[PDB]
Structure formats: C-alpha cells, structure tokens
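To keep things clear, I will list the structure first and then write my remarks on it.
For this view, one protein chain was removed and the others were kept in their places.
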Amino acid sequence: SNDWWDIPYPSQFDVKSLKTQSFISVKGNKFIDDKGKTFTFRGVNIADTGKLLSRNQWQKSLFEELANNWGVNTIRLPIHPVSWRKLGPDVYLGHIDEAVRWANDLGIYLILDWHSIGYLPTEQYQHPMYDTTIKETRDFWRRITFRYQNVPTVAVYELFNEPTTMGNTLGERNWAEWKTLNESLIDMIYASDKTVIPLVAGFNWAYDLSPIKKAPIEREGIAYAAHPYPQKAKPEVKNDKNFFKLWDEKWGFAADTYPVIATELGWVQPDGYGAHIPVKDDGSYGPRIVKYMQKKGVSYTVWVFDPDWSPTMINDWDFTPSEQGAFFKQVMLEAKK
Amino acid sequence: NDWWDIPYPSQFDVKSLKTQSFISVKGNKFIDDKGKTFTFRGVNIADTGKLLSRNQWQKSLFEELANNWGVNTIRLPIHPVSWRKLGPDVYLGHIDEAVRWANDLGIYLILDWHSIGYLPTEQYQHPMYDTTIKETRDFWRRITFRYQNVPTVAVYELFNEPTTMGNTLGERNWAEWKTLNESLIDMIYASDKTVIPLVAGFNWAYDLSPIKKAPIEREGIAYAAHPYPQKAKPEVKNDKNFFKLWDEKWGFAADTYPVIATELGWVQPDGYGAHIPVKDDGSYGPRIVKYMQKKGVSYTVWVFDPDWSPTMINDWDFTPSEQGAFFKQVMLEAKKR
Partner (left out) sequence: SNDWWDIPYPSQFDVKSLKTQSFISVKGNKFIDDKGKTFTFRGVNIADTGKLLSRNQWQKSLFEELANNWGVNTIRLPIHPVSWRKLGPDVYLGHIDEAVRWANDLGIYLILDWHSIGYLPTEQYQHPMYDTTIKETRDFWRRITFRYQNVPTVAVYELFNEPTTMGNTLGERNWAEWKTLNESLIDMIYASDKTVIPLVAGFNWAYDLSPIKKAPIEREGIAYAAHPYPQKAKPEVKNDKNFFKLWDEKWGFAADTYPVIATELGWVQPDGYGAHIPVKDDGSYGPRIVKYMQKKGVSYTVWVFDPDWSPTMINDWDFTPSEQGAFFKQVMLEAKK
C-alpha cells in the first residue's frame, strides 16, 4: 500500500459475465440495434450511486421495479464529480459494475452521465457538487472507456451533463472552444472503444443545440442531448404550436439529422414538492413534450426516479407515483407494449 | 456527508449598510456618485487570518485608521494560502465584518487577490501566494456575487504583483497577461458592472509601459502601480531623475487612466525588516508624495502592521514608525482641504 510501485494496473469488466444483449449504434439520424431494428431509449434517471448507497437503496430491486413495472428500457446514471471523489474511482467503478450486471440481466441499457453543470473550459460551475477539471473529466472518460470496452449494456457516454456559463458569469461561452473540447474527449474514447455512443450537449443548460446547424461536432456515430424542461421556452401564448416552433428552433431540428436523447425532462406543479424554475408547469407540458418527441422519434430519460431530488417521479421508496411519475409510467408502459 | 444538501451561496445584505457613495471611473479620474473627483488615500493592513490569529481583527483597527490617520481607504491583501486555510465561507464572513466597519466609518475597501508571480504558468514567488487560474477565477466569481451593489467595496485588484522573477517562473508575455485580465474583467462585469477592476503590469506591478501600445480593452478600469524606492535606479538620486524614470514606467498611465499606487513605502537600510526594494534614507517620502500629488494618483501605503515590513507602526498601540509618522501627517493634511 505504501509500495506505490506495486499498485496494480487496472482491469476491464468481464464481458463473459453478461448474458447476450444487442449493441445499440447510430445510423444516420436514428439509433438501431444490432438486428437492424430502430431503437428508442425510453426510461428514467435515478440518483447518484453514492446518494442511493447512503440510504441502502442501491440495489437490483430498484432496476427490477423500473424494468418490470414502469416500462423502461434505459436508466441514466448521473455520476456527480463530488461523489466520484468521495467514493473514489475504484469503489465507484465497482458499483457501476453492479449496475451493468443488473441492467444486463433485465435486458435494459445504461447512459453514463458525467453530471456537472457549468463551463468546463474555465473549470467554473453552478455548485461545488459539480466541481471538476478538464484533467479529471478526461481521466473519468479514460477509465470508463477502458473498463467497459465491448459491453453492450453501457450504451451512451454523456460527456458533460449541462453546459452553461450562467449569463457569462462562469466564463465567456464560446461554441468553437466547446466543440473542440468535446472532439478531444471523443478522440480519447474512440481510441479505446469505437462501439460506444458519445452524447454531446449545447449551451443554456443543454437546451440550445442551434450552434450545430453550422458547426456540428466533426465526428461520426454521436448523438446530441437536450434538456427541454417546461420553462426553457417562453412563448407569450402557451399552446402546442408555439412551443413546437420554439423547440424546433433550439433543439428539435437536430433530430432531422442526428439521433437526440432528451436526457432530462419533467415537471412539478408550481406549488408542488421542490418546485423551481425551469420545471414548474400545470401539467399540460406532459402530453405536449411526449407528442413532440413521438413525432420526431426522440429518445428520453425523465428526471428523476427519486423521492428527494425534484422534480420527483415517486413520493417515497415504495414507488408511490407523483403526478409526472404516473403520467410517464403510463406513457412508457404503452410504448413498450 | 450529504453533499446534495450543501446550500447555494447568499449575497451580502445591502440593507445592513448606511448610505454611501459609489466610486466610479470617468476618464483618467475616479469620481463619487455626486460627481466630485475622488482620490483613494489609505493603507494596507495584513491578511485577515494573520490579524485574527493575534486577536487584532476588530472594528477598533478601522476606527484608529479613519479617526486618527486620515484614511479613506483600506486595502485587504487576501493571501491565497489564507483563503484556503480559513476556507472561502469563513473568510467571506470576515470580509463581511470589514464591509460593515468600513461603511459605518464612511471609508472604502480595495479587495486584493494577493499573489506574487506569473498566473499564466501558475508559478509563484512563495507558497503563501500559490494559486491557479481556476482558483483565481473562483475567488472573483464568489466575491463579485457576494458584494453585488455594495458601494463600500470599491476596487477589485485582480492579481497583486505580476512577475516572472527574471523569467524563472515563465516567459513574461504581455498579450497573454492582457487576455487573462480581460477574461477576469468579463466574469466580473457579467455579475456586477459597478465595481472597478484594477490591473497590474510586470516587474512586481511596477511596469505599466506595455499599455502605451496594448492597453486592456475594457472600460471602467484603473491601473495599479507599486513604486517602491528602489524600483527606479537613477545614477544620480534627485527629484528630476526619479520623476523621469517613474514617468516612463508607470506615471504616464495617469494621463489617460486612473492609477492607484496600491503599495508604496520605505524603511531605513538598517531598519526593521529592511530588504530590496524598500530601502531608503527617507528622501523618497516627500518625493513620491509630490509626484503623486502632481499627477492626481491614488495610494495605499504598505503596511499598517507591526510585523510585516516596511511597517507604519512599531506595535499594536500604533506607535508610528518613520514612514508611518510621515504618511500619517500627509493623509491628515490631505483629508482637511
């Protein structure tokens, strides 16, 4: 332990431990499985692994509930940098391994999300739980890509959850700089595993993809994230037509050319639990965003399947559904059928 | 252990203050918000942590200075090692005290990120000054948010003393340093446009000459100068020869921009803590005062502390040193017409 020269080199996840499972890949503007069928990610976020462990809720039964009773085919894991450091990489990766085995057994997929909020080029963030560096972010993806080489269960590497400069208080937002840094991460990933799908985000908290109309990331096999929460678009008159136009302008257009995953979406009533901008809505957003995504073939993972973090999909750890939880549960179950 | 419950930060309560004029930049001068030309005239005190450690961080210190030494400004040299040691939350809690004390006395603060070295390569004169670009940005992000709309906090002195120590710390490069200052100013102005950023040149904040051809391309800023006695080295020591050399390296700036000499002072060559560049027989005192008075230059003498040299006081009963007695009389006279 004091003999640092005898610390072992890292090992890769044992692919023989898994049951057969299709790889998902990008083909044009769609995801497809390795049988050639169009595939749509449909599922939920759960909380950070460390948060779940802290209350003894990191267990296979959580994934079983979701796969069997909520219609999901995907779970997004929002890996918070502060938690990565607190558990440490070795321990955190040991718990991701569990998630891989649990998901594989149920035939569902994982999105691994490096869950920071802020501006990576200046290393300034919305809150210290998101604090990271370029060096730590690169090392996270280097470790992940090596460990989960050739693992179909781990489908998407979501490089940096929510880019934002908070009105340029964190730095001067610059698309060219952000594009170049994403390309750099993708190059490190693809040097280690070409079968994984990188997921890239725009500014305004992963809401604004409009820069990619003329400056998309110059790499193959990638998809784009979107976080179309209810109050991100602000039409004077609230109806389907006006939201659809604003969504089209900022993010929806991307689905015409590339696959898109709405890796966060959801709402709570303005006087409901943990209500805050931009997630406040009277509920009309639910049918509206689902209709929009269904029309464009957009994939999604609702935020969040947790009783503490808001907007919640459940009210307690017996999985009593919240308003949005009841709504999306029915949507996902119907889509699965 | 629940990192997700760590609170978001709060802003200083502007209602806690009595009415106080804002200071702003207009052309080559500072003005108050009544439109009258304003000159910062005061002293440095030691780092907050040093003062706390000996029970000298107290309102009575500010009272002594305002009532008995003629000051209208105190410069707080916030040393990065001390920022880390107390931690941001605690250190900011103490800056809050200084704000309330200064406001009650009608005096102003210069907040100085007190490092010595070359930020672009993150190499420094001594570990007490050790920082990074990331930490420096974060300091200014936190400060600007917390003291938004606070008139008492007048000046944000971005980086005390740039130097490469004969290029041992890096290759001095004005373009690179200019760009980094512009980056910090942008972050600050995104959060509070009413504050005055203060920018320094090389040779330990002595050499402003690069701004003749390449000034910082932002409005509402001022430039620092640290014209210690031995920075200029004329063969023949007299007013004329020092004035010429001063003019060439820093004084010329005051023709176009406001300048604050945020450090100046001397001790006898055989006096307490004597070191280059602060050694002088005393003829410097009248000389630098005459020079600044002719150019309208603002200043804060280094240092109102009995341990750090050159001292203005010999003990915590405020027994004046040689330079202390001299500047005390100058400031008292300037305060009354």
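Should a chain be cited, it is by its letter among A and B, assigned in written order, with residues numbered from 1 in that chain.
What we mean here is this: contacts are C-beta pairs under 8 Å (C-beta built on N, C-alpha and C of every residue); 3 or more make two chains touch, one makes a residue touch a chain.
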| item | value |
| --- | --- |
| Residue of A:15, A:91 or A:188 in touch with the missing chain, whole complex considered | A:188 |
| Residue among B:123, B:209 or B:314 that touches the chain left out of view | B:123 |
| Residue among B:9, B:88 or B:170 touching the omitted chain | B:170 |
| Interface with the undisplayed chain - residues on subunit B | 47, 50, 53, 79, 81-82, 85, 121-123, 126-128, 132, 166-171, 307-308 |
| Interface residues of subunit A (partner: the chain not displayed) | 2-5, 7, 9, 135, 138-139, 142, 145-146, 184, 187-188, 191-192 |
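To be clear about the criterion, only the chains that are shown with their structure count from here on.
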| item | value |
| --- | --- |
| Distance between the centres, which are taken as Cα means, of subunit B and subunit A, whole angstrom | 46 |
